[PDB]
Amino acid sequence: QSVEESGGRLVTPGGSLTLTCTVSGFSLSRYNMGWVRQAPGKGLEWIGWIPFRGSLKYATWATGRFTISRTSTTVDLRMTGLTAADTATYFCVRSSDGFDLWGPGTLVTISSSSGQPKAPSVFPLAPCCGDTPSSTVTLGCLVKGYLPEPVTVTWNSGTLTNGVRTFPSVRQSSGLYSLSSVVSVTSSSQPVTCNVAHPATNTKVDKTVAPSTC
Amino acid sequence: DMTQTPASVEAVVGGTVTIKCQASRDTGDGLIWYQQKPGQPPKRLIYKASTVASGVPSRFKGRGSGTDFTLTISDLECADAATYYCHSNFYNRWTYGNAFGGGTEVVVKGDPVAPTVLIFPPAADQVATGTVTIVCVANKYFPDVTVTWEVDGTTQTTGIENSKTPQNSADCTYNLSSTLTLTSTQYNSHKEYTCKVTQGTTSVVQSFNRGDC
Amino acid sequence: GXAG
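Residue numbers (the deposited numbering), protein chains in the order written: chain H, 2 to 82, 82A, 83 to 99, 101 to 215; chain L, 3 to 95, 95A to 95D, 96 to 211; chain D, 4 to 7.
Be a bit skeptical, because a hint or two may be false.
Claimed, not checked - Calculated cross-link-like contacts (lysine to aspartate or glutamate; reagent style EDC-like; alpha-carbon spacing at most 20 Å):
hint	chain 1	residue 1	chain 2	residue 2
1	L	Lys45	L	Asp31
2	L	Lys63	H	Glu46
3	L	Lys50	H	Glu150
4	H	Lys43	L	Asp70
5	L	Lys39	H	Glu46
Unchecked claim - Rough simulated footprint, nothing fancy, chain H against chain L, three-plus residues with beta-carbon under 8 Å:
hint	segment
6	84-94
7	97-109
8	158-164
9	188-196
Claimed, not checked - Here are the simulated distance ranges between beta carbons:
hint	chain 1	residue 1	chain 2	residue 2	range
10	H	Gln117	L	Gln42	28 to 34 Å
11	L	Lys50	H	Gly176	41 to 47 Å
12	L	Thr199	H	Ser188	35 to 41 Å
13	D	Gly4	L	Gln42	26 to 32 Å
14	H	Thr81	L	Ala126	42 to 48 Å
FYI, nobody ran anything at the bench for these hints, they're computed from the structure.
No residue lacks a Cβ here, since even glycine has one placed at the ideal position from N, Cα and C.
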């Protein structure tokens, strides 16, 4: 059984947004559900709880701006008056002695500077020519200047996972994000290619990274 | 509301910690603990204050009732490094600002290891954009480091962003990416770029000369 | 439920 959220995007300040939770493997008529959010670097924040019978319950701050409802196959979360204080990852949860199932989350981003979606630039990361050659080398990709989160990064179409370090993104003062990913490889994995995707702009970039030539 | 203490706690591999959850109103046995690793959704560990969820090891021991609960994690593993949250589910009895506690970060202390350090000059097509980003990576280290950037021997005070991976589930170590951003003009006006990663009385330094790459 |  599992749950999955959809609908996260950039939202203009003061705007509205409805998220949807789709379930799989159980019946919404026999299970309670809820919503939780988490701002970057902060704790879990309960939003509300929709029991399979009885009254909805909401966090006191959500009452009057957020509502939760059901169909036979989904639950939603309708948000109004969104500001940058509402920027977070939003999770739907199945509730049954606590939140036993969580979605992967969907991201709701309110731009302070009211930015629009912006595709990343992708740059290869390779060391300078170091005069002692090695059987292993660390290569990477820099994903710069995108909005909103997320991007995804894989290596060799997802077939190279061992030795991959994909760092948390960082938000620049401009409001844009950047992220780097590196991987340590022997020859068998080379040439290596980083696969970058930015769903908000329908961007997909594949960058083959070569070690510098000498 | 729900108050967790300590905010953070560090303990050795194989060790034991007890962290605390206090409810201002009685919440019976309606108390759930979750483990959350940075970048992942939470995982339910314990429900009904003391029942471990399926697949959870018995060294996660939830106790208490009413207004005071504890979670004791013994035989700590690097895989246990995470933030732990308590959660009251008495929605039909109390109103809540937040049904969760604020979280307790558990840091698992393995053996100290100095980083190996890599520096990546800007790719040739970066300079054309008018901005360049130099990337320094500190791999597989514990405990935390500080990063200094120097350009022709001058310490940089702006343009630096750092990002750190969570503790490694196998050996407890961190990895850190540090980026220095400069205009192309600034970058072409200097020669030596240096990243210095300091861990107490140890420093590991990596440099390149803009002419050589 | 959810009320002890």
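Verification of the supplied hints:
Distance check on the hinted pair: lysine 45 (chain L) and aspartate 31 (chain L) sit about 19 Å apart at the alpha-carbon level, within 20 Å; holds. Simply put, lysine 63 (chain L) and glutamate 46 (chain H) have alpha-carbon atoms about 24 Å apart, too far for the 20 Å limit, and the pair is violated. With a C-alpha separation of about 36 Å, the suggested pairing of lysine 50 (chain L) with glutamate 150 (chain H) is violated against the 20 Å cut-off. Proposed proximity of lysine 43 (chain H) and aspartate 70 (chain L) is contradicted: the alpha carbons are some 23 Å apart, above 20 Å.
Between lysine 39 (chain L) and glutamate 46 (chain H) the CA atoms are separated by roughly 16 Å; this keeps the pair inside 20 Å, and the hint holds. Look at the segment 84-94 of chain L against chain H: 6 of its residues bring a Cβ nearer than 8 Å to a Cβ of that chain, three or more, so the hint holds. Given a C-beta distance limit of less than 8 Å, the hint that chain H covers the segment 97-109 of chain L holds, as 5 residues qualify and 3 suffice. For the segment 158-164 of chain L, the proposed coverage by chain H is satisfied: 5 residues have a C-beta within less than 8 Å of a C-beta in that chain, meeting the threshold of three.
With 0 residues bearing a CB less than 8 Å from a CB of chain H, the segment 188-196 of chain L misses the requirement of three and the coverage assertion fails. In this structure the hint that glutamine 117 (chain H) and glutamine 42 (chain L) lie 28 to 34 Å apart at CB holds, the actual value being about 30 Å. The hinted range of 41 to 47 Å is satisfied by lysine 50 (chain L) and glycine 176 (chain H), whose Cβ atoms lie roughly 44 Å apart. Checked against the given bound of 35 to 41 Å, the beta carbons of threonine 199 (chain L) and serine 188 (chain H), roughly 38 Å apart, stay inside it.
A hinted range of 26 to 32 Å for the beta carbons of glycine 4 (chain D) and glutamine 42 (chain L) is consistent with their spacing of about 29 Å. A C-beta distance of roughly 44 Å is found between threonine 81 (chain H) and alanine 126 (chain L), which places it inside the suggested range of 42 to 48 Å.
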